Structures are given as structure tokens and as C-alpha cells.
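This document opens with one chain alone, in C-alpha cells, the form deposited without this ligand.
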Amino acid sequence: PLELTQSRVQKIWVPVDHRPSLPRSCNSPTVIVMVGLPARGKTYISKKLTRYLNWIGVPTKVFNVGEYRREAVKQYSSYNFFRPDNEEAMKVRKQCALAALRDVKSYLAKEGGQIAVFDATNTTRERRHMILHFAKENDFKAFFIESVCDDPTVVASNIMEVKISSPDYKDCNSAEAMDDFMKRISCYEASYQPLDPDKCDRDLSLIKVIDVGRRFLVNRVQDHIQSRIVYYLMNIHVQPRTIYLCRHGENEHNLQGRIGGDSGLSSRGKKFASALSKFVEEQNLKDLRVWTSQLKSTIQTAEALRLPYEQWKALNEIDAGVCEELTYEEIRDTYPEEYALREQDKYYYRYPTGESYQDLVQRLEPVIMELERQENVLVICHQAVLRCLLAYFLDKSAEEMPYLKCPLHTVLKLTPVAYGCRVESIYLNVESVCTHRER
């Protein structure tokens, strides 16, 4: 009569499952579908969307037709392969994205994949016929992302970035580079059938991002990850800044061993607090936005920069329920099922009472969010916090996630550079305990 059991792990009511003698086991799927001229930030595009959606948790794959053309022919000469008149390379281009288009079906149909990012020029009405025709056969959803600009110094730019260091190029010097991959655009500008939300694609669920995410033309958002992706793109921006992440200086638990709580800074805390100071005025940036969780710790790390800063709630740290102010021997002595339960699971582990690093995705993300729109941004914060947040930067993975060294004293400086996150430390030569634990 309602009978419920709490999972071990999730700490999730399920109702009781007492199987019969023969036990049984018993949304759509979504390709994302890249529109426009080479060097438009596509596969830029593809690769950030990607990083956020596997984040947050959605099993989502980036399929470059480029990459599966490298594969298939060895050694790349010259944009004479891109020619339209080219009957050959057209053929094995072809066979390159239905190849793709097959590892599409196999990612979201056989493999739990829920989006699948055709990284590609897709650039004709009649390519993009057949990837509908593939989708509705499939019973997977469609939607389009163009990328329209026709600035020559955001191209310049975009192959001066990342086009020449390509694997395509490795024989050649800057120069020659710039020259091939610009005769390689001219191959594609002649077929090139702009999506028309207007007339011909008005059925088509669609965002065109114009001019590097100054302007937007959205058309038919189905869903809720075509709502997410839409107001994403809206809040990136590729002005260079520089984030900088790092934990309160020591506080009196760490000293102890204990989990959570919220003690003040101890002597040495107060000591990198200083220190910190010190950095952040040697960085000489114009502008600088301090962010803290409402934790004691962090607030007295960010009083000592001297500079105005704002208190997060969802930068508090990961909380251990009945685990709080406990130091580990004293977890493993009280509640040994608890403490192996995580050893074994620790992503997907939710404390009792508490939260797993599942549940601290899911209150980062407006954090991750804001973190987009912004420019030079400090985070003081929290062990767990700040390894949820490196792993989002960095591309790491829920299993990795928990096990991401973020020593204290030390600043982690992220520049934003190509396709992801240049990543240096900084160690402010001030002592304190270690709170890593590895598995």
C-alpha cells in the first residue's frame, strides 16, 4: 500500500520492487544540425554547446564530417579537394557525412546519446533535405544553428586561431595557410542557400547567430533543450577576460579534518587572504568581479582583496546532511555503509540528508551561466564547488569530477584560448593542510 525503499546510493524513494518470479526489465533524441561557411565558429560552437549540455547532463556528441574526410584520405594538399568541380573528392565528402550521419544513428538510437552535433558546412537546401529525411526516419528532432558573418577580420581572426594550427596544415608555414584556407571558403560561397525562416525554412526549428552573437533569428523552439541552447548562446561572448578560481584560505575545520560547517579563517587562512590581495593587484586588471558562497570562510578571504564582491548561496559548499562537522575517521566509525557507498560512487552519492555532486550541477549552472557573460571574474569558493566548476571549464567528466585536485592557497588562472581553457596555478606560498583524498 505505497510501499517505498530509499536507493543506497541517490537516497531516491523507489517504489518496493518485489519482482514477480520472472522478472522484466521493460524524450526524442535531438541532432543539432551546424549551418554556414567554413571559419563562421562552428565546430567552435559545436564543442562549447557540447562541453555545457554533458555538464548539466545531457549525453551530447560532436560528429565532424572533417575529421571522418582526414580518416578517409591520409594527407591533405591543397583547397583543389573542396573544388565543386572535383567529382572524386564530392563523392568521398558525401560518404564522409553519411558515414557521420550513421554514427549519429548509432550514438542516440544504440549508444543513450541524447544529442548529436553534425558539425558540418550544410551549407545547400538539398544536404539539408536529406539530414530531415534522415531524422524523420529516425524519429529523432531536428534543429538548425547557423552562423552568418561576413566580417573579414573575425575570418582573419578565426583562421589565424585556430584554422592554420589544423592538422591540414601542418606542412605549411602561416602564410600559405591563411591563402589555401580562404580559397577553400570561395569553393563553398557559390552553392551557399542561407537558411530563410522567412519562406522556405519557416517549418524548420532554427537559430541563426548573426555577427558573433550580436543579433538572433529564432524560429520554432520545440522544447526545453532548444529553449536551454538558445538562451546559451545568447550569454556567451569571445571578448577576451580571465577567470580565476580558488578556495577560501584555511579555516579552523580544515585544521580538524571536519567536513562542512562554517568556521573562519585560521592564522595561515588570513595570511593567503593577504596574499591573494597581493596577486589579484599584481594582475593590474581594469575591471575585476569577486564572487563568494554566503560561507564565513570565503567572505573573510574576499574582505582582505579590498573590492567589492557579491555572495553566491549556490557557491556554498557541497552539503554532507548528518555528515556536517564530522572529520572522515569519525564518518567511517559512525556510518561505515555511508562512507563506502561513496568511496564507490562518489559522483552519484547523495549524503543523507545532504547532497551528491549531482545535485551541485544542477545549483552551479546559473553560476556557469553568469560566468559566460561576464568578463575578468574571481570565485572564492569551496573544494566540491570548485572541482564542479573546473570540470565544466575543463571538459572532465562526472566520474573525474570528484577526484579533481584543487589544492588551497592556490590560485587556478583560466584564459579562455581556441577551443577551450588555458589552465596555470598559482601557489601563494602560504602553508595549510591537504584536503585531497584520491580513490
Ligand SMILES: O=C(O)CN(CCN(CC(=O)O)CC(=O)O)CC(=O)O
The other form holds:
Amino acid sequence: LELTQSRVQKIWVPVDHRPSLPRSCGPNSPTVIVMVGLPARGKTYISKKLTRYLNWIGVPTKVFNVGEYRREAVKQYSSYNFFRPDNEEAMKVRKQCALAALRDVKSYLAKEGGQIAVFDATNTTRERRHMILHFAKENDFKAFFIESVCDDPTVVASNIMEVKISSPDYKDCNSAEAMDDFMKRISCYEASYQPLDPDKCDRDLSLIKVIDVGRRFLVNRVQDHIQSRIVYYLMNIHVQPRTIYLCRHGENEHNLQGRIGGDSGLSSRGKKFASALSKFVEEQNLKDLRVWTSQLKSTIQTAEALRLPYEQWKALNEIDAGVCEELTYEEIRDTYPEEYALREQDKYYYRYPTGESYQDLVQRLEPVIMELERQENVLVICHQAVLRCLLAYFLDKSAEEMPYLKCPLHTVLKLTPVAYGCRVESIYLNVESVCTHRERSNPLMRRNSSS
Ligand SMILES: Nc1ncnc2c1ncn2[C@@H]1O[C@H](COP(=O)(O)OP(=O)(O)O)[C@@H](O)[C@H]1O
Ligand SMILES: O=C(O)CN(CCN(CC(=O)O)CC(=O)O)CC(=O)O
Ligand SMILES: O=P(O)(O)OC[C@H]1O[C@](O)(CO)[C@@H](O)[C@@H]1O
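For comparison with the form deposited without this ligand, would you give the structure of this protein in the form deposited with this ligand bound?
Time for the whole complex; same chain goes first.
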């Protein structure tokens, strides 16, 4: 009824004329994701990637890798002898690392505003899982288990070569000895390994068992929307290497005039870029390459130069500047001084009047990210703000830094899988253009001076 519209996010909220003594309160039960499985089964890979995705869509998540606690408490690894089930002391130290991590999990979800905590450890015995469940119950946390099962020696071997040998645990080993040591290490866990049994012993646990690197899944009792989204995500990512290229439309006429938004066409240089891009793509020599564009002219003209089939996504259209569309930043500053200042102070959350914020962009791009995960080689031709958002996802950049990432015209960002993340290579196609990047740029108000 009598509402007021927040200046930054433009959200209508009830006016709350605070009383003489305003009161606060202080400030959707948080969840503990329990990874399960033998070493070299992708638990850490899954932990980091899912966390990258959840934080990007706005769900504060953090990984608690018990291995890092262990490496912190023991300083330098020597051999798998540390992981022998008959190693009483180590068993004690490992359990203490687990409890220390849970201690931090508790502090994260109950005191730091965290919503999802990913507990990354083997948790291969029913007893250890029972303990974690107890910890969850007593703290009012939900528990969701993600078990990765892989009986393909080729996959295990490959996993060891990709992230284990170059691990700091093996800084003093060559590949062969590191490989040999890790296999012995894995065998240490095999005797006591009790996989999740949803059809019996674990009938009441909320879980997903990932099998054969995502070929088959067993899902038991999803409890809410967050677990729902987690399962959807897990079931649509794969590990086969591929390449994602990101770039903007070639320079357009509005760029030349310093005007934002709009649907202008390529400038003469933008067209030169489009040709260069075709030459670039050709040289990458990719068997298959999917091309995606927004539904705005400039990206489409750019794709036409490639002589390849392309698909238009309205979701890739540039951020909508609302009433500031078609204006120059100078005209925005002069015509809407307050809006200009508000955006400068909170570029990620700020929403243009009748328009969007980077936050809105992210929500809009969720489907693009999910489909990108399903794809192989793909080239996305988009716009500045959109590219920053997609780049933030791939490079795990925060919301605060997202609106300022540098994504220049006529430059391809080549992303490739490396270990637990993505490597980025910048390739400028040598065609001039303007620069659309803009960095982050009192006295009288104090005396003297659900599921
Ligand atoms: N569902 C999966 N099954 C088997 N390997 C996987 C899976 N998902 C990812 N990987 C691979 O596992 C590696 C990362 O393993 P890591 O996460 O360190 O294993 P762990 O944490 O279980 O010891 C990567 O090479 C990745 O390709
Ligand atoms: O150490 C890591 O980076 C992740 N670990 C998970 C935790 N480590 C703890 C440790 O290495 O001390 C294994 C475990 O939980 O027993 C992967 C694995 O070996 O399963
Ligand atoms: O988020 P930023 O830095 O204001 O840039 C947004 C602008 O970038 C552009 O793509 C111009 O380069 C505009 O169409 C859009 O409004």
C-alpha cells in the first residue's frame, strides 16, 4: 500500500517509519553437502565446480576440503603409509581434521551467512556419515550426500595424472612414484568402503550417486529447491575437454558515439573484426563448433561473417538500460545525476529505471550457462555486460568484481579446462576499435567542514 521504491535495486518496499527506538532482529535452513567416495573420484572437482555455480547464481557456498586441513596440520606428505587403516595416530589426526572442518562448517552456516557448505572428504564408512548426520541434526542443518562411484581404471589413472601428481603432497615425487603411491593410497580405503545404499540402509537419506562419470544416476529423496537445482546441475556437466570462446560483436555505430544499449549495426571496423574472427575460427581447426549470438544485430552480423550455422538467444541480449537506452554516459550523468551516482556506487546490484542490473543478467543467463555445460566446442558472440557475467562464472569472479572485468572489443577469450578450473587465453584479432571499459570512478554533512 504505501510503499517506497529502493533507489539502487528499484524494489518496492513498505515505508517503515521507524519508531523512536528502531528494532532489528538478527539478521531457509542451511545445508551440508556431504561428498562420498574413494580418492581420485572427482569429489574435489565436483565440490569446487558446484560451489562456483551456486555462488554465481547467488547462493553463498563454500568448500571445506578436509585434505587442506590435513596438509595444514602435518606440513609435508611422505607416503600412503599415512593413510593405512592401522595407522592409529594418523587416524586420530585425520578425524581431528574432519572435526575441525565441521567446526568451521558450523561457524559458516550459523554465523557467517553461509547457506551451503560442501564437506569434501572420502566419508566412505557408514560410521563417519552417521557422525556427520548427527552434527547436522544437532545444528538444524539439512544433509545432502553426493557420492561419486567410478570403477574405470582408465578414468582413475587419468584423474591421478591430472590433479594428483602435481599436488603439493607429491612435490617430492616424479610421476611414476606419485602414481604408484596414490594407487596404494586408494587401496587403503577399499576394505572399509561402504557405498550409499538408497534401497536399504540409506533409504531415508537425501542423496545422488554419480556413476561412470555421469552416465548413470541414482537420486533419493530431494528435499527442497536448492537440492533440486544441485541435482539438475550435477546431471548436466561432463568432463570431456572442449573449448569455449567468448567475444563481443564487432565494433558498432553506437560504440563509436559512446552510446549505450540500442540495436545498431557494425561499423566498418566491426566488419573487419568479423572477417578476422572468421579467419581465427578457421585456424582453430575445430571438428564441430557451435555458434551462439544474442538477437541484437551487431552479434548477428558478426556471426554471418563466419559462414557457419548459429543460434540466437534473447538471453544473450545486452543488459537493458531502461530509460537510459540510447544515451551517452555524459547524457546519463547530466540527465540522471542521481542514477549515475547510484550505479557507480553499487554497479552489481544497481538496476536501471525500467531496466536491469548485473544481478538480473545473471538470472537471465542461468539457462545459457546450463546449456553451455552440456555442449562441447562453442563460440558465444555477445555484449560487454553479458560477457562479464559469463566470464565471472567460468573464472569464479565475485559479484563485486563482475561489472568491472575487462572484456575488450575485437578480442576473443579462449577458455579451456585445466585441473579444477578454467584457463583463459586472450586473443586480440588486430583490428582497431574504441574502448568501452570504465573503471570504478561528506564535508558539509558533519559539523565544521521454499522447495
Ligand atoms: N563423476 C566423476 N567420476 C570420476 N572422475 C571425475 C568425475 N567428475 C570429475 N572427475 C575427474 O576427477 C578429477 C578430479 O579428481 P579429484 O576431485 O581430486 O578427486 P578426489 O577429490 O575424489 O580425490 C578430474 O580429472 C576430473 O575430470
Ligand atoms: O586432499 C584433497 O585435496 C581432497 N581429498 C579429500 C580428503 N582427503 C583427506 C586427506 O587427504 O588428508 C581424503 C580423506 O577424506 O580421507 C580427496 C581424497 O583423497 O579423497
Ligand atoms: O556495465 P557497463 O560498464 O555500464 O557497460 C554497459 C554497456 O556496455 C555496452 O555494451 C556498450 O559497450 C552498452 O550497450 C551497455 O549499456
